[PDB]
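A.B. asks: For reference, the chains in residue letters:
There are 2 protein chains.
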Amino acid sequence: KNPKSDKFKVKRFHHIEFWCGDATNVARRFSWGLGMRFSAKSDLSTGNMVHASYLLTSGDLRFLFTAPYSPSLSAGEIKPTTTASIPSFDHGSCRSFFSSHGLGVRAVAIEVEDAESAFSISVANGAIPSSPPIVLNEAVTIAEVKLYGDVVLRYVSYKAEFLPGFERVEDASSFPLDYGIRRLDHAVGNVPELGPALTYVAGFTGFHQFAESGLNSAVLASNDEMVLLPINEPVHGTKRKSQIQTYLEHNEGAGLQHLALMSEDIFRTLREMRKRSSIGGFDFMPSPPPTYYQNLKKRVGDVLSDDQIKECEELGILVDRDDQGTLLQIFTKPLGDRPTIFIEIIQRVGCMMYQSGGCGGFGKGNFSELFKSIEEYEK
Amino acid sequence: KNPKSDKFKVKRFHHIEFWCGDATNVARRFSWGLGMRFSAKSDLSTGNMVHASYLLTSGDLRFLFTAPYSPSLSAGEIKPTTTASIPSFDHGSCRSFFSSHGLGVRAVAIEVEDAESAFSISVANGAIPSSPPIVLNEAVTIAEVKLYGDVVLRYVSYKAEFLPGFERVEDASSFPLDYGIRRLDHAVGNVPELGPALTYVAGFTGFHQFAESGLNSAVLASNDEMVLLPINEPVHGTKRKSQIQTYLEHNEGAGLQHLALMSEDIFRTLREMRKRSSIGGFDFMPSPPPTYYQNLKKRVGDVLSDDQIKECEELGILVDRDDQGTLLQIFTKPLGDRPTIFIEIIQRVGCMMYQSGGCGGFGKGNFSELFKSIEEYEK
Ligand SMILES: Cc1c(C(=O)c2c(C3CC3)[nH]n(C)c2=O)ccc2c1c(=O)n(CC1CC1)c(=O)n2C
Ligand SMILES: Cc1c(C(=O)c2c(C3CC3)[nH]n(C)c2=O)ccc2c1c(=O)n(CC1CC1)c(=O)n2C
Ligand SMILES: [Co+2]
Ligand SMILES: [Co+2]
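Residue numbers (PDB author numbering), protein chains in the order written: chain A, 35 to 194, 201 to 251, 262 to 403, 411 to 436; chain A', 35 to 194, 201 to 251, 262 to 403, 411 to 436. A prime marks a further copy of an entry chain.
Check before you lean on any hint, since a few could be wrong.
The list treats identical chains as interchangeable, and a pair is accepted whether it falls inside one copy or across any two copies.
Derived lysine-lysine pairs resembling DSBU-like cross-links, with alpha carbons at most 30 Å apart [stated by the list, open to error]:
#1 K113 to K291
#2 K43 to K180
#3 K347 to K360
Derived from the structure by calculation, the hints contain no laboratory data.
All chains, full assembly: derive it from the sequences and hints.
C.D. replies: Below you can see the structure in the form of structure tokens.
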């Protein structure tokens, strides 16, 4: 069931912010690898003496890449006189974040009706404040609370172009790449203990819980179930070591594990991304064995044709089925040096009337199907 | 003249090492932007719990990209029991380097006959030791001395595959990109005071000095003038602010300013790089005005045809002339967030009998030619 218990009005995912040591190189690699266009910047060329921030967009998906400049450039500034376009930015926090975790997500940003209200109600309901509400050029308000580890939930509200102080990039520099990615479907955290993490986040948002190998997890969802925030914990004591525990070890604790990006055509997206894997883009996890694709006919043969299921086989796409929809999904290798953050590409089919959130689930059934296919490929 | 005063036997440039916060993303961006292949790795997959290091190669050019892992992965190790493939690596030095300077060159590595001898003679002649000689698997010896700022000169000698502990990357991951770059021609440092820097470096190497707008510079060279190490200082008090001083400000002091990469066909290299500028590669400095290319006929018309000089005009190539050879050159925009390090692409024509080093100079004459062309394009 869906009690619609959101303690404030939540709209959609707004952006994901990566904290890096060099925003330029990460943003260029991601743009080519994922087919995202350069759309806005805030940096020295725009008067920002504090941080370099570059925004990539594909459909409604917004990826922001930020790194600190030398603190010496802004030594004369005080918070009232700052040239930073994102007032929550702090040199010491950013350098500490990146040296501790490496490349990763700092902020999961959701658009709300009123960011100051969302912040107040959140903290009144247990949220740990991270950055108080600040109004930007009488137009946009942003506030931040702690989510898990060093990741924050960022509230953004607009009265009536990304953020004040960001400039649109010249289209000579803005090449219209597009591989079909259209929006952020869900953002997943890894924590040591799932119980306290769930109680905390569900406590200050009012998100409700949305309807065996390595992990336990649960999905918090907004009223219309379009902001989806799953959380995982490790399952210790197994033959194979939990990838959640490996994450916590290499990340130095809790953090964002994967971003799932919805594509309007996952076959085109994966053809385009795989073309670029070895020339600067992203690698994908190893494909499942043919026994997997042999056994799909008897499970999804009603939704996908024999050509398409074979087209899944070339690209290594996995498929899972809910009682309401079907899910196409595939996972990249880790995005940076450490075995921590990765990306999932997904497409959902079903649950129409617009599409309802979570249609098809998150692919939990693909674990035992993978195990069964591996047990059957040695035969 | 060339006194051939090298205090030890120096061969050629061996590699350039970048210290980064995420080696993966920088190495992938550089590989696509410059047309360099992935050739070796030392990381978690090879047993290195200390640093991730990825090597790119194009012809004889070797770019190494290194970043630290969490120190927790190697907390039980001592220097005798280290899994680091580069024993000079230090987590604290690397994090301090990158937070201070951002993305930049840590090591300029030259191949010598005997790295222990080169280190001893260097320090006996004033070099500041950085890392003592260490023998790797009874096969390779590496030692490091301070060069300028936080940049070190790294000596490498081989008894008889990059370094012990590096693995060749699977050719499924190794795409054979090549845009024509073949070797490192020179590596240039920026310092506050040129005099003391020259006296220091020439003092411990025996390199000799190799034969007005913003800078003073001088070029130290090895016996055969194939290791070329120019150094710049700012010229203060001008109408336009020195780019050397801007470098020192944004870099937090002295460091490596530019790498010049020789191409066997600069026209093909710049066509290939410019195709990729807006899809993840490198941007170039603004092209000179047509008045420049109008005035080349009367200076290089004897070496380049009218088609090629027009082909220079499309690509924005600059041309300068020595009394012994001619030089084709162009500069990228800065490689990362800060206005610090950039790359020069060059091709030299002349001085044959093999090609002698520095053929054509370094393009000093292109300053006044550029000024004159700008004064003549408003007419
Ligand atoms: C991350 C993930 C998901 C997934 O996206 C989500 C889950 C799954 C319950 C985990 N719950 N929620 C909310 C999700 O968004 C689904 C299937 C997967 C994996 C995955 O990582 N590996 C490789 C790692 C195990 C070695 C797999 O083999 N399979 C089959
Ligand atoms: C770096 C550089 C070089 C060059 O490579 C080297 C030099 C030159 C004396 C500087 N000496 N040595 C040893 C060299 O390797 C040559 C010409 C240049 C520039 C350059 O940066 N800019 C733009 C900056 C000035 C605003 C220019 O307009 N011109 C024309
Ligand atoms: Co998922
Ligand atoms: Co040069």
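A.B. asks: Run every hint past the structure and note whether it holds.
C.D. replies: For each hint, the structure was consulted:
1. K113 to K291: between (46 Å within a copy, 28 Å between copies)
2. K43 to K180: within (19 Å within a copy, 58 Å between copies)
3. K347 to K360: For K347 and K360, only the intra-copy Cα distance (10 Å) is at most 30 Å; the inter-copy one is 61 Å.
The structure meets every hint from the earlier list without exception.
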